[PDB]
Amino acid sequence: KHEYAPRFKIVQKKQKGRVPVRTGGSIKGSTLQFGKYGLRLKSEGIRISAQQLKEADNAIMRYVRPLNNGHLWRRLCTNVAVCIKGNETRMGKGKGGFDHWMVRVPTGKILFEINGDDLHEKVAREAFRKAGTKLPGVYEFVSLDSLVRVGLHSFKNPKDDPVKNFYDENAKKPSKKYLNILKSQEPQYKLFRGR
Amino acid sequence: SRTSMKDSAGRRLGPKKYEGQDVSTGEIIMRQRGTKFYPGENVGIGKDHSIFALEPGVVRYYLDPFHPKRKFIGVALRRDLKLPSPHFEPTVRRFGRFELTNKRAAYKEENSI
RNA sequence: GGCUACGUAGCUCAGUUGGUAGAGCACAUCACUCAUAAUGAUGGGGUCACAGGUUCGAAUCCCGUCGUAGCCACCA
RNA sequence: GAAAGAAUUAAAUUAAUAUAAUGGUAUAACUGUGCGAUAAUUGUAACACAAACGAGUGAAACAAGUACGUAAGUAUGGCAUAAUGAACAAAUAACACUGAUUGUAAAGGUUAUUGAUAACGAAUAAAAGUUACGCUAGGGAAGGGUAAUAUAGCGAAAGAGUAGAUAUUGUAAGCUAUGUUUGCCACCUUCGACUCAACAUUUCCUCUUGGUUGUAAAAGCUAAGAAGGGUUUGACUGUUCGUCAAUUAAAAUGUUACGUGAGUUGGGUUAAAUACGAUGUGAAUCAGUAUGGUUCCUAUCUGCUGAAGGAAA
RNA sequence: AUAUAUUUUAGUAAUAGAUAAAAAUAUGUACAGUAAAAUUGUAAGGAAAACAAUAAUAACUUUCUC
RNA sequence: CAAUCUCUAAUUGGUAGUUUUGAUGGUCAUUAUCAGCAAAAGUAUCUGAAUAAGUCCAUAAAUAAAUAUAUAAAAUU
RNA sequence: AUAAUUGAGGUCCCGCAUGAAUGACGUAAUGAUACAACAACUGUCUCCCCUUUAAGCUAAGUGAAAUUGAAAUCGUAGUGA
RNA sequence: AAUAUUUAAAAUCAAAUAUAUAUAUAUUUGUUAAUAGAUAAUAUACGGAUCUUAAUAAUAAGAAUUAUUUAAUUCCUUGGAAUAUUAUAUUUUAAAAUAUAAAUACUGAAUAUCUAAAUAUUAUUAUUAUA
RNA sequence: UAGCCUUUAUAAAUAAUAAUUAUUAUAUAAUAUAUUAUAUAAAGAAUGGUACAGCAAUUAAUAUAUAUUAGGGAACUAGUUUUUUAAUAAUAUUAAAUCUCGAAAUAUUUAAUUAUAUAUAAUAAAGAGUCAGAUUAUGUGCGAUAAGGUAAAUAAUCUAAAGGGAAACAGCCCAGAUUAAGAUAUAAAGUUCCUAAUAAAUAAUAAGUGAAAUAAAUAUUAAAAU
Ligand SMILES: [Mg+2]
Ligand SMILES: [Mg+2]
Ligand SMILES: [Mg+2]
Ligand SMILES: [Mg+2]
Ligand SMILES: [Mg+2]
Ligand SMILES: [Mg+2]
Ligand SMILES: [Mg+2]
Ligand SMILES: [Mg+2]
Ligand SMILES: [Mg+2]
Ligand SMILES: [Mg+2]
Ligand SMILES: [Mg+2]
Ligand SMILES: [Mg+2]
Ligand SMILES: [Mg+2]
Ligand SMILES: [Mg+2]
Ligand SMILES: [Mg+2]
Ligand SMILES: [Mg+2]
Ligand SMILES: [Mg+2]
Ligand SMILES: [Mg+2]
Ligand SMILES: [Mg+2]
Ligand SMILES: [Mg+2]
Ligand SMILES: [Mg+2]
Ligand SMILES: [Mg+2]
Ligand SMILES: [Mg+2]
Ligand SMILES: [Mg+2]
Ligand SMILES: [Mg+2]
Ligand SMILES: [Mg+2]
Ligand SMILES: [Mg+2]
Ligand SMILES: [Mg+2]
Ligand SMILES: [Mg+2]
Ligand SMILES: [Mg+2]
Ligand SMILES: [Mg+2]
Ligand SMILES: [Mg+2]
Ligand SMILES: [Mg+2]
Ligand SMILES: [Mg+2]
Ligand SMILES: [Mg+2]
Ligand SMILES: [Mg+2]
Ligand SMILES: [Mg+2]
Ligand SMILES: [Mg+2]
Ligand SMILES: [Mg+2]
Ligand SMILES: [Mg+2]
Ligand SMILES: [Mg+2]
Ligand SMILES: [Mg+2]
Ligand SMILES: [Mg+2]
Ligand SMILES: [Mg+2]
Ligand SMILES: [Mg+2]
Ligand SMILES: [Mg+2]
Ligand SMILES: [Mg+2]
Ligand SMILES: [Mg+2]
Ligand SMILES: [Mg+2]
Ligand SMILES: [Mg+2]
Ligand SMILES: [Mg+2]
Ligand SMILES: [Mg+2]
Ligand SMILES: [Mg+2]
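Sequences listed follow chains K and R, in order. Here the authors' numbering is used: position 77 in the first sequence is 114, and no number is missing along the way. Here the authors' numbering is used: position 24 in the second sequence is 58, and no number is missing along the way.
Do not rely on the hints blindly, as some may be mistaken.
Here are the in silico distance ranges between beta carbons for each label pair [stated by the list, open to error]:
id : chain 1 : residue 1 : chain 2 : residue 2 : range
1  : K       : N95       : R       : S42       : 45 to 53 Å
2  : K       : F192      : R       : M39       : 43 to 51 Å
3  : R       : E61       : K       : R127      : 26 to 34 Å
4  : R       : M39       : K       : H39       : 28 to 36 Å
Think about it this way: if two alpha-carbon atoms lie no more than 20 Å apart in a straight line, the pair counts; the simulated EDC-like pairs of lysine to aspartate or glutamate are [said to hold, decoys possible]:
id : chain 1 : residue 1 : chain 2 : residue 2
5  : K       : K50       : R       : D41
6  : K       : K79       : K       : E163
7  : R       : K81       : R       : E61
8  : K       : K159      : K       : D94
9  : R       : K103      : K       : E158
10 : K       : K220      : R       : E123
11 : R       : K50       : R       : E61
12 : K       : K79       : K       : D182
13 : K       : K91       : K       : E177
14 : K       : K51       : K       : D136
15 : K       : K171      : K       : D94
16 : K       : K51       : R       : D41
17 : K       : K214      : R       : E53
18 : K       : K38       : K       : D94
19 : K       : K227      : R       : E123
20 : K       : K132      : R       : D41
21 : R       : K105      : K       : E223
22 : K       : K213      : R       : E53
23 : K       : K193      : K       : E177
24 : K       : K130      : R       : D41
25 : K       : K73       : K       : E158
Hints were generated in silico from the structure; no laboratory data involved. Cβ atoms here follow ideal geometry from the backbone N, Cα and C, with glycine treated the same way.
Let's have the full structure, built from the sequences with the hints guiding it.
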């Protein structure tokens, strides 16, 4: 509903920033969560405007609405407010006025997701290709068995990466603050703190 | 047009004296906005929460179990002392005065009340 | 920072050189006219500008600052 | 087993903080309450932080006095970081320091206090415009870059096309090229006409060819090859352009310092004169209108057009 | 029971608790305490007036008791 | 009266000497807070600010609260 | 009006932003003023051609000028204050 | 063969290094190409020539592009050893055997060294005449 | 005026610059469950909140044949169910200049030790010049993730630096000219010729692709792996 037009109460101008190249191997929003088939970015990290996203959504919908129990999950919201000065105006003299909403999209991230009752995968693939024709990146069809993109030419299965109880790890190799707290909890300090 | 071209300078609010550093009485160990560091052993605190040394010694940053979730800056009277000092041991104190070996000076001091 | 002189009724204005709550004025009802209205008579509200003293007796004198613009000073 | 107390643990600083925002604050800096109303005191302040100077900030300690607290102690205004202004010249007090012959005085000094210089390190107590009649010293304290726009193309194809997205058409969004427009940058300080044109091809005509339920024929439409040859004369306007008239096989689009003023012109743009409308108190002014109105050059080199001499044939 | 005299009371006014997030003295000091939101309710009361209630007691001290 | 000399006041582009900030098409110039600021500190531009400041708060809730009531004392009665 | 007129004249009046001695309006005459039309004329032009004289050119004599860091001073593309 | 993905060393396998060590653990490395798309104005414009190899047939050429490498090739632990190569000499019948060598790729600065000269300073000397 | 530069000097002078040690844990050995030594591992005394990472709280975004709160319809005789409309909850998934509960490296930075002394700091007395900067790389603000643009941050070079390379070249890659000499090591860059110097190995390309200034989506044709 509000993914292409956030309702920040205090509307305000924003700096340009940069699209996060996720050097640490994030895989956040790079996985199929809601649907069966999806459309992910394949190229270098890119900014997608609100209008472009809307058009992609519309393109996808043409295939989704005919389906029985058809659904489209829009995975990303255009949260960054972009202002622009005109091409007509000189440089300097303040910042330009609000123009459009935009989203910073890392390399591996999923944009859309679909799942119908009577949805064959070929149709879904076609729809997602047609959606990609309207967006500024280069995109890729992603199924539930197809594995998570991280880099431009690199891949990963989330099933592989290890599970860890971090409290236990902390206890094993404790910080100074934690040790101080533990000492405080002990009786030769707790009795004589005198509050 | 109307531009937002106005800002105060930076308040120089780092630590002004570091761990293991020799100090003198009066010297500022920390400038800060509110007690990020609390005044520890042999150390005072000012109006602007500025930690300053009460005695000559060695600046030490530490945690104390009595005050968990609070960082401290204190001044150890020597380099030998671990400055979160043992609680039930006697306080390491500085006399900090000198006897008036000079006779006249001693006499003057005796006279003065 | 000091010094003035003015601020009655909803409107306009008296009154002022002390022993007064007065006047038309626009406003609502009767009156008169064929039927309007001009004209004739009904009444209307004032802490006599916030607020204290001297004469049994001051709206008027004296006397605190509200207020309105002045005036002086200081203006390096 | 029960009651009461002491409390501890968890959570919380999201409330509250005189006031912005940030940091801090429950051990509370927040809140309530007694006393008080004192420390919103007086002389010396080292040493640090910050820092060009001028200033600014934290502050141990020594001495005088005060308030609260059983005491320990705490208080030199406010949880902190804004809340401000130099000298000079005046003004008011206190000080007992100087007292221009001596004594008084005046006047100056010390100490405390006063009002502003917001263009806010404050030039004076006190200062706005105009010039196309202008002058001097200097500085540059279309080309180049860019490609948002513009022009052209490509991919995908919603949708028109009597039916069929792709004969022809092709929304909004996607990917490029160009440096032909309008911009942006600031390295770098004249429009049109005439004359002669050279180059490009993104081809307007002519030649070859693919597609065209939308190629029966004929006219077309669209696309590929193709730059050999060719591609206008008049009325209006300074105009390029545009409107129209009459033609043409066609009347293509650019580049060349938007080719070409040491080749011509000077209608536009342009200074001195003048008037009009508007603006201004005015001098005068204008992304205004109108009449008038100033540059010249024998060619040294390059280059090109012709013509000789010398030469190694 | 009634008369006079001399007095006394009635000026009728909130805090009764070291009060603790209604409002009020914004700097000192001493002592003490904890806010807010949300939720469940309740006369007018309704989304929005007020009041109530809403985390855990192991160990410790004292008291009574099987 | 008026004229002249000396003093004093009103008026003046009549006339003379000067001036017309730095940054911009009325707005910004001093101070504080955060971001920009890249985990010390500092850090700019006609950068973004729900930006904020030229302050505000004091002489006050007092007085009374132990020798007392007739008579007699004054070792506290 | 012209084959065709952003010019000229006539007329209309949302006069962006006319107006009465900063005069208003309509005429006769005048004007090397400015704009437009008709006639006549023409080398202005279609479209240039021929001729004449003075230069230009050559020989003799006399003899400048601006300019000039030094020059043994080609094209193209690239580069580069 | 057919259909549909992916173009990957994360997982997986293989190979190598390091810790106890015939194994385990940890680390490191290994996963497409071509063409079209393609484009303006003085003149082709990798700096230019030019570069993709070919038997017969050479004492002889065969990227001068892209990617990963080496300094002849293979094991052992920069070094040695073996292997063939190449060149040469000797001996024997243009070949065979023996042995010697080459294997340190090279170019390259006004860098460094060496080689000499100068000045200045520091520290030692020698000779000659604040010695 | 300070910053940076120069000259002359001063010491009860190393205060300067660089690194190490400093910590945590494990195993082994020796003393009294602790201490010391040895070895190994760990981005390893103190200070920090950027990258990264994350969705906690704040600010934002999405989904539920899930639950609650009411509303709009709807079927039988006001009660009830369903298809729902918003809010709240629950669960799952997401991001931000002014969010950071996790969190680097670089950084700031302290003592002693070692190494630099033909070297540094500090102080004293004196002289300046400079206050138009440029480019390259990285991280940003503005611009349009445009500019040989603009604004600052860090480093280097140019400025003021000749020499080799990058065709030519202020700022790029090497390297700092006291004067020569030219044997030896070389740097960056090169070794068919122009032009100083070359031979190999294994793959791939056939397009002159390319050969020192890499042009995109997309299309076609192959090639591997599943
Ligand atoms: Mg992120
Ligand atoms: Mg700040
Ligand atoms: Mg406060
Ligand atoms: Mg706060
Ligand atoms: Mg400092
Ligand atoms: Mg100073
Ligand atoms: Mg306080
Ligand atoms: Mg003055
Ligand atoms: Mg005298
Ligand atoms: Mg000024
Ligand atoms: Mg100033
Ligand atoms: Mg000034
Ligand atoms: Mg002035
Ligand atoms: Mg004029
Ligand atoms: Mg250009
Ligand atoms: Mg159709
Ligand atoms: Mg379109
Ligand atoms: Mg036909
Ligand atoms: Mg063509
Ligand atoms: Mg021909
Ligand atoms: Mg004509
Ligand atoms: Mg031109
Ligand atoms: Mg010319
Ligand atoms: Mg010329
Ligand atoms: Mg004339
Ligand atoms: Mg004048
Ligand atoms: Mg911060
Ligand atoms: Mg910062
Ligand atoms: Mg930093
Ligand atoms: Mg910082
Ligand atoms: Mg006409
Ligand atoms: Mg004409
Ligand atoms: Mg007039
Ligand atoms: Mg006239
Ligand atoms: Mg005349
Ligand atoms: Mg002659
Ligand atoms: Mg040059
Ligand atoms: Mg691996
Ligand atoms: Mg070319
Ligand atoms: Mg080359
Ligand atoms: Mg040398
Ligand atoms: Mg100086
Ligand atoms: Mg040292
Ligand atoms: Mg930040
Ligand atoms: Mg944290
Ligand atoms: Mg400057
Ligand atoms: Mg620049
Ligand atoms: Mg210079
Ligand atoms: Mg150089
Ligand atoms: Mg240098
Ligand atoms: Mg040198
Ligand atoms: Mg080529
Ligand atoms: Mg090239």
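* Asked: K130/K and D41/R: Cα distance at most 20 Å?
  -> 17 Å, holds
* Taken at face value, is the distance from the CA of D94/K to the CA of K159/K at most 20 Å? -> Holds. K159/K to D94/K sits at ~18 Å (cutoff 20 Å).
* **Straight-line alpha-carbon gap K171/K to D94/K, limit 20 Å** => 10 Å, holds
* **Straight-line alpha-carbon gap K51/K to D41/R, limit 20 Å** => The given pair, whose Cα atoms are some 18 Å apart, holds under the 20 Å limit.
* To do: Could you grab the alpha-carbon distance between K220/K and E123/R and see if it respects the 20 Å cut-off?
  => 18 Å, holds
* Between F192/K and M39/R, does the beta-carbon spacing fit 43 to 51 Å? -> Once the Cβ atoms are compared, 49 Å apart, the range 43 to 51 Å for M39/R and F192/K holds.
* Asked: For the pair supplied as a hint, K38/K and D94/K, is the alpha-carbon distance within the 20 Å limit?
  -> Roughly 12 Å separates the two Cα atoms, so the pair holds.
* Asked: Given the hint that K193/K pairs with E177/K, does the C-alpha gap stay at or below 20 Å?
  -> 16 Å, holds
* Take the C-alpha atoms of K51/K and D136/K, compute the straight-line distance between them, and say whether it is at most 20 Å. => Distance of about 11 Å is within 20 Å: holds.
* Asked: Holds or violated: are the alpha carbons of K214/K and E53/R at most 20 Å from each other?
  -> Judged against 20 Å, a Cα distance of about 18 Å means the pair holds.
* In this structure, is the beta-carbon distance linking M39/R and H39/K contained in 28 to 36 Å? -> 34 Å, holds
* Asked: Is the Cα-Cα distance between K91/K and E177/K 20 Å or less?
  -> It holds: about 18 Å lies between the C-alpha atoms, which stays within 20 Å.
Violated hints, listed in ascending order, are 3, 9; each of the other numbered hints is respected by the structure.
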